[PDB]
Amino acid sequence: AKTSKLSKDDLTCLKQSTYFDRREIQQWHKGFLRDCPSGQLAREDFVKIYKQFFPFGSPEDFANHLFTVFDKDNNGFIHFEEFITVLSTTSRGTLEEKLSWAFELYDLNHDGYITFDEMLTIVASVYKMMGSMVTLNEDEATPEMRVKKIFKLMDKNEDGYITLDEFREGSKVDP
Amino acid sequence: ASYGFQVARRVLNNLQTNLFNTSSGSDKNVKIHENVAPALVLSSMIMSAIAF
Ligand SMILES: [Ca+2]
Ligand SMILES: [Ca+2]
Ligand SMILES: [Ca+2]
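Heads up: the protein sequence lines correspond to chains A and B, in order. The opening residue of the first sequence carries number 3 in the authors' numbering; numbering runs sequentially from there. The opening residue of the second sequence carries number 121 in the authors' numbering; numbering runs sequentially from there.
I should point out that these hints are in silico values taken from the structure, not numbers from a laboratory. Do not take every clue at face value.
As the list claims (entries may be wrong) - Distance condition first, Cα-Cα at most 20 Å in a straight line; then the derived EDC-like pairs of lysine to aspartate or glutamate:
{"hint": "1", "chain 1": "B", "residue 1": "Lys151", "chain 2": "A", "residue 2": "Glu99"}
{"hint": "2", "chain 1": "A", "residue 1": "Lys158", "chain 2": "A", "residue 2": "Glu171"}
{"hint": "3", "chain 1": "A", "residue 1": "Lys74", "chain 2": "A", "residue 2": "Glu99"}
{"hint": "4", "chain 1": "A", "residue 1": "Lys53", "chain 2": "B", "residue 2": "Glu154"}
{"hint": "5", "chain 1": "A", "residue 1": "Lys151", "chain 2": "B", "residue 2": "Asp147"}
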C-alpha cells in the first residue's frame, strides 16, 4: 500500500559521488515522509522552519526566497530530491559550487542573470533578520545602498543584470 | 577604491546565517513538531560554519 518511492533512483544515481553516506540519504527521506507523506514540501512548511529557529525578527522574506530557490524546478513544491541535493552542497562540495548556488539565490527570476531589483530583494531580507546588521554601522547603510555599490563593484559593464560568469569573478575579487 | 572587503565577507555570512547566537542546544525530545526543521537548521548551520 504505502511504500517510500525514490528508494531506487537515488541510491542508483550514486554508486559514485555521494555527499551523504548511504545510511544518510534514506535517512533524511524518512524525515520527509513525516513532514509530508506525499513527499511535498510547501512554502507554508518551509516558512515554519525558519520562523521557528529565528523568531527574533522576520526571517520570513528569507524563507520565501530560500525556499523558492531550494527548488531547482521552482514549481511551488520542494520534493525530497531537491531538498537532499541542497543539504549536501550547502555543507561540503569540494568545488566553487557555493558561488554558483548563491547565484541562483541572488536571481529570483533565475533567468541566468541577476537584476538590481533582485539583489536588493534578498539583501533587504537578510537585513530584516538578525541584529548584527546594526553593528554594521561603520559605513554602509540601508540595503538600497549596499546593492548600488555592489553592482558598481561587481559589474563594470553596467548592463543592469549580471551573469554567473561575471558574478564569480566579481566575487573571487573580494580577497 | 571600493572597500568591498568587509561587505563581501560579513554579508555572505548572514546569507548562510551566523555560526551561533541562536537558541541553546538540541536533544532527542521533540516529537509533535516536524523533524525536517531541526535537521536542516541544525545541520545546514553547524555544517556551514566550516570554511575550508
Ligand atoms: Ca520542486
Ligand atoms: Ca536577473
Ligand atoms: Ca553584467
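Here is how each hint holds up against the structure:
no., hint, result
1, B:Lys151 - A:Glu99, "violated, 34 Å"
2, A:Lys158 - A:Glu171, "holds, 12 Å"
3, A:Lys74 - A:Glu99, "holds, 14 Å"
4, A:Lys53 - B:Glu154, "holds, 13 Å"
5, A:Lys151 - B:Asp147, "violated, 43 Å"
Violated hints, in rising order: 1, 5; the structure is consistent with all others.
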